[PDB]
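> Take these sequences, add in the hints, and give me the full structure.
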Amino acid sequence: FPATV
Amino acid sequence: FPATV
Amino acid sequence: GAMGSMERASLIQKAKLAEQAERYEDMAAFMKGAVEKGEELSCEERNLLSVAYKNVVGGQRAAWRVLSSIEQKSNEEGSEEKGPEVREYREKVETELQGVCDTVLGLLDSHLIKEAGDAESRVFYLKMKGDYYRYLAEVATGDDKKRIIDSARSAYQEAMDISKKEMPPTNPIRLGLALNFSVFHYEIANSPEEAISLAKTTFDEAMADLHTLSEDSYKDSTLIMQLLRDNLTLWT
Amino acid sequence: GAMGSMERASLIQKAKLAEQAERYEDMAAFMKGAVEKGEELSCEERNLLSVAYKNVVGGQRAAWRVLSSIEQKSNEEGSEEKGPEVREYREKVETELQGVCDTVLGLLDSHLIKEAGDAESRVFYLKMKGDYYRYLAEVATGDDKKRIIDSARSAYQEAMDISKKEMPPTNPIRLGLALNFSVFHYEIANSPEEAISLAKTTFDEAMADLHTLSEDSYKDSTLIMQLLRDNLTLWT
Ligand SMILES: *CC(=O)NCC1CCN(C(=O)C2(Oc3ccc(Cl)cc3)CCNCC2)CC1
Ligand SMILES: *CC(=O)NCC1CCN(C(=O)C2(Oc3ccc(Cl)cc3)CCNCC2)CC1
Ligand SMILES: [Mg+2]
Ligand SMILES: [Mg+2]
Ligand SMILES: [Mg+2]
Ligand SMILES: [Mg+2]
Ligand SMILES: [Mg+2]
Ligand SMILES: [Mg+2]
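From first to last, the protein sequence lines stand for chains B, B', A and A'. A prime marks a further copy of an entry chain.
The first sequence: position 2 = 592 (PDB author numbering), numbered continuously.
The second sequence: position 5 = 595 (PDB author numbering), numbered continuously.
The third sequence: position 9 = 4 (PDB author numbering), numbered continuously.
The fourth sequence: position 88 = 83 (PDB author numbering), numbered continuously.
Errors might be hidden in some of the hints.
As the list claims (entries may be wrong) - With a cut-off of at most 25 Å between alpha-carbon atoms, the simulated DSS-like pairs for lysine-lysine come out as follows:
| hint | chain 1 | residue 1 | chain 2 | residue 2 |
| --- | --- | --- | --- | --- |
| 1 | A' | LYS11 | A' | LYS32 |
| 2 | A' | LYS11 | A | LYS77 |
| 3 | A | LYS11 | A | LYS68 |
| 4 | A' | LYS49 | A' | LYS11 |
| 5 | A | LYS11 | A' | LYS32 |
| 6 | A' | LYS214 | A' | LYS49 |
| 7 | A | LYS160 | A | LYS214 |
| 8 | A | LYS109 | A | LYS32 |
| 9 | A | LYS159 | A | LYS109 |
| 10 | A' | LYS109 | A' | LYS160 |
| 11 | A' | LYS159 | A' | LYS109 |
| 12 | A' | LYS11 | A | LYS68 |
| 13 | A | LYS77 | A' | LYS32 |
| 14 | A | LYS32 | A' | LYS77 |
| 15 | A | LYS77 | A | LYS141 |
| 16 | A | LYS11 | A | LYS32 |
| 17 | A | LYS140 | A | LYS87 |
| 18 | A | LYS11 | A' | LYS77 |
| 19 | A' | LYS159 | A' | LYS87 |
| 20 | A | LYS87 | A' | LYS49 |
| 21 | A | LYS11 | A' | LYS109 |
| 22 | A | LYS11 | A | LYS49 |
| 23 | A | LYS87 | A | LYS141 |
| 24 | A' | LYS159 | A | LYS32 |
| 25 | A | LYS87 | A' | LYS11 |
| 26 | A | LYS214 | A | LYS11 |
| 27 | A | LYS87 | A' | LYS109 |
| 28 | A' | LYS68 | A' | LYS49 |
| 29 | A' | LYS68 | A | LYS49 |
Claimed, not checked - Okay, the calculated beta carbon distance ranges per label pair:
| hint | chain 1 | residue 1 | chain 2 | residue 2 | range |
| --- | --- | --- | --- | --- | --- |
| 30 | A' | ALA(-3) | A | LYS141 | 34 to 40 Å |
| 31 | A | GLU76 | B' | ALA593 | 53 to 59 Å |
| 32 | A' | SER64 | A | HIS106 | 36 to 42 Å |
| 33 | A' | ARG224 | A | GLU39 | 44 to 50 Å |
| 34 | A' | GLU39 | B' | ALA593 | 19 to 25 Å |
| 35 | A' | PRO163 | A | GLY(-1) | 40 to 46 Å |
| 36 | A' | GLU83 | B' | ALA593 | 39 to 45 Å |
No wet-lab data here; the hints were simulated from the structure.
We put the beta carbon where it would ideally sit given N, CA and C, even for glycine.
Here's what the structure looks like:
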C-alpha cells in the first residue's frame, strides 16, 4: 500500500 | 516487565 | 455531547496524554470535544485532531482489508459455504469506519472549513476532507460511489489550488496534500498516469526550493519528499 | 445482552475473524456472548476467550502504566502544577480496566468455574481468575487491596493444587499457571524468593519429563519453559 500522511 | 501467558 | 462539560484546555491536555498512551479512540473523542467548543484550532491542535482520527480510521481500514480478503476468498470456486458471518462482520467494521468518516466530515463542515481563512489552515482541513471521502470511497460499492469519489476529488482540488497560490513548493502541508491526492489518483480514480505525474512534479519543484530552507525546514520537507519517491518507486 | 440474538457458532466464527483482524475488543465481546449461551467451552473456545481479554486488558495495563508514570513525575519536587487532568485520565483508564476485569471475573463466577470438572478446564479458569485479580491488584491502592491480593493468591493456589495432582509437569497449562503465579509472587506479593523458587522448581521438573513427549508436545512445553528461564534471568 502506498504512503499517505 | 516479566513474561506471563 | 459527552465532552460538553470539560474545559477546552483540559480536552487538549488529555488528547496529548492519550497520544502518549497510544489511546487513539480517546484522543479522537477529546479532540472532537475540543472542536465542538466552537473556537478555531491552532496548528498544534489541528495536528492532534488529524493524528487521532488517522490512527482510528487507519486501524479500521486495516481490519476491513483483512475481512474483505477473507470474504473475496469465500466467493471463489471450490470454496465451502460458511454462511453470512464473514459478510456480516465485514459490514459491521465497514459501518463503524463510515461512522468515523462521517464524524470527521461533520466537524469539517460544522464549522472548521468555513472559519479557516489562512491558507495553512484551510488547505489542511480541505486535505482532511479529501482524505475522509477517499476512505469512504475505498469501501463504497453502490449508487453513490461516483459522487463520493467526486467529493474527494473536489476537496483535494480546492486544497491544491490554494496551496499552489499561497504556499512554497516545500511547504509540508502542500507536500502532504500532493502525496495524498496522488494516491487518490492511483488507487481511487483509476488514473495512475496522473498519480505519477503529480508525484514527480511535486518532488522536482520541492527539490528546486530546498536551497531557501533552514536545516529544520529541510528535514521536514525532505521527509515527505522521500514518501513521494517511495510511491514513485512502487509505481514505476 | 447485545449478543443474545446471535447463534453460538456464529459468535465463535466471528471471534476467530476478529482475531485475524486484530479487533480484540470485538473478539472479547463475541466470546462473552458465546459464554453467556450457558454451554461449557471447548479447549479451542477457552483459548479464544483468554486471548481476547488478555489483549484488551494488556492494552489497558500498558496505557495505565504510561499515565501512572506521568502522574508520579507530576508529584516530584520542582514539578509545575498542571491541574487534575493527569489524575482524571489515569482514573478513567483505570476504571475501564477494572470494568474489563470485573466482566471476566463475572463470566468465571457465572458459571464457567462451577461447571468445569476436568482438570484442564478447571485449572485454566482458575488461572484466569488469579490473573484478573492480579490485574485488579496492580491498580489497587485502598482498603480492599489486601483482599484483592488474597483473591488472586487463592485462585492460583487452587489451580496449583489441582495441576500438581492431575497434570504432568510438562503440561502447558500447568507451566503457564506456574509462570504467572511466580510473577504474582514477585510483582504483587513482595515475595521474590518464592517467585524464583517456583520458577526454578517448575522448570527443572518439566525438564525431567520432556523425554516422555512427542516432537509437537516438546515444542509447546519448551516454549513456556523458556519464559520461566527468561524471568529467572531477569530476577537473578
Ligand atoms: C499545523 C501544521 O502546519 N501542520 C503541518 C505539520 C507539518 C509537519 N508534519 C509532518 O511532516 C508529518 O505529518 C504530516 C505532514 C503533512 C500533513 Cl498535510 C499532515 C501530516 C509527516 C508524517 N509523519 C508525521 C509528521 C506534521 C504536520
Ligand atoms: C485449551 C487448552 O488446553 N489450552 C492450552 C494451550 C496450550 C498451548 N498454548 C500456549 O502454549 C500459549 O498460550 C498459553 C499457554 C498456557 C496457558 Cl495456561 C495459556 C496460554 C503460549 C503463549 N503464546 C500463546 C500460546 C495455548 C494454550
Ligand atoms: Mg471554558
Ligand atoms: Mg455497507
Ligand atoms: Mg494539475
Ligand atoms: Mg442456537
Ligand atoms: Mg480508582
Ligand atoms: Mg509450594
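> So, for every hint listed, does it hold in this structure?
Evaluated hints:
In summary, the hint linking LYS11/A' to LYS32/A' is supported, as the alpha carbons are separated by about 17 Å, within the 25 Å threshold. As the CA atoms of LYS11/A' and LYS77/A are separated by approximately 13 Å, the hinted pair is consistent with the 25 Å bound. Between the alpha carbons of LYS11/A and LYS68/A the distance comes to roughly 41 Å, so the proposed pair goes past 25 Å and is violated. Restraint check for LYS49/A' and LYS11/A': the C-alpha separation of about 15 Å stays at or below 25 Å, so the hint holds.
Among the hinted pairs, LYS11/A with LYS32/A' is inconsistent with the structure: their alpha-carbon atoms are about 41 Å apart, more than 25 Å. Distance hint between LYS214/A' and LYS49/A' is fulfilled; the C-alpha atoms sit about 22 Å from each other, no more than 25 Å. For the suggested pair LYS160/A and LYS214/A, the alpha carbons sit about 23 Å apart, so the restraint of at most 25 Å is met. Restraint check for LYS109/A and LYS32/A: the C-alpha separation of about 15 Å stays at or below 25 Å, so the hint holds.
For the hint linking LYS159/A to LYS109/A, the alpha-carbon distance of about 20 Å falls within 25 Å, and the restraint holds. With a CA separation close to 19 Å, the supplied pair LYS109/A' and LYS160/A' stays within the 25 Å bound. Taken as a hint, the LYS159/A' and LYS109/A' pair is honoured in the structure, with Cα atoms around 20 Å apart against an allowance of 25 Å. As the CA atoms of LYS11/A' and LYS68/A are separated by approximately 16 Å, the hinted pair is consistent with the 25 Å bound.
Of the supplied pair hints, the one linking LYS77/A and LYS32/A' holds, its CA atoms being roughly 21 Å apart against a limit of 25 Å. Proposed proximity of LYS32/A and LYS77/A' is supported: the alpha carbons are some 21 Å apart, at most 25 Å. Taken as a hint, the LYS77/A and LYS141/A pair is broken in the structure, with Cα atoms around 32 Å apart against an allowance of 25 Å. For the suggested pair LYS11/A and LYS32/A, the alpha carbons sit about 17 Å apart, so the restraint of at most 25 Å is met.
Using a Cα cut-off of 25 Å, the hinted pair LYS140/A and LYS87/A holds, with the two alpha carbons roughly 19 Å apart. Between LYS11/A and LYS77/A' the CA atoms are separated by roughly 13 Å; this keeps the pair inside 25 Å, and the hint holds. Proposed proximity of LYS159/A' and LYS87/A' is contradicted: the alpha carbons are some 40 Å apart, above 25 Å. Of the pairs offered as hints, the one joining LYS87/A and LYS49/A' holds, with about 23 Å between alpha carbons and a cut-off of 25 Å not exceeded.
Note on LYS11/A and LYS109/A': the hinted pairing is violated, with a Cα-Cα distance of about 45 Å set against a maximum of 25 Å. With a CA separation close to 15 Å, the supplied pair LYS11/A and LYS49/A stays within the 25 Å bound. This hinted pair checks out: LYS87/A and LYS141/A have alpha carbons roughly 23 Å apart, not beyond 25 Å. Between the alpha carbons of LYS159/A' and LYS32/A the distance comes to roughly 61 Å, so the proposed pair goes past 25 Å and is violated.
This hinted pair checks out: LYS87/A and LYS11/A' have alpha carbons roughly 15 Å apart, not beyond 25 Å. The straight-line distance between the Cα atoms of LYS214/A and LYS11/A is roughly 24 Å, inside the 25 Å bound, and the hint therefore holds. Under the criterion of a C-alpha separation no larger than 25 Å, the hint pairing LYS87/A with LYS109/A' is inconsistent with the structure, at around 34 Å. For the given pair, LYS68/A' sits about 28 Å from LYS49/A' by alpha-carbon distance, which is inconsistent with the 25 Å threshold.
Annotation: proposed proximity of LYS68/A' to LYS49/A is violated, straight-line Cα distance about 30 Å (limit 25 Å). One distance hint, 34 to 40 Å for the beta-carbon pair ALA(-3)/A' and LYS141/A, holds here, with the actual separation near 36 Å. The given range of 53 to 59 Å is broken by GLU76/A and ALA593/B', whose C-beta atoms sit roughly 42 Å from each other. Range check, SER64/A' to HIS106/A: Cβ separation about 38 Å, and the 36 to 42 Å hint holds.
About 47 Å separates the C-beta atoms of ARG224/A' and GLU39/A, a value consistent with the hinted range of 44 to 50 Å. Distance hint check for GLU39/A' and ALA593/B': the Cβ-Cβ separation is about 23 Å, which falls inside the suggested range of 19 to 25 Å. Under the hint 40 to 46 Å, the C-beta atoms of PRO163/A' and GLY(-1)/A, about 59 Å apart, miss the expected range. Under the hint 39 to 45 Å, the C-beta atoms of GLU83/A' and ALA593/B', about 32 Å apart, miss the expected range.
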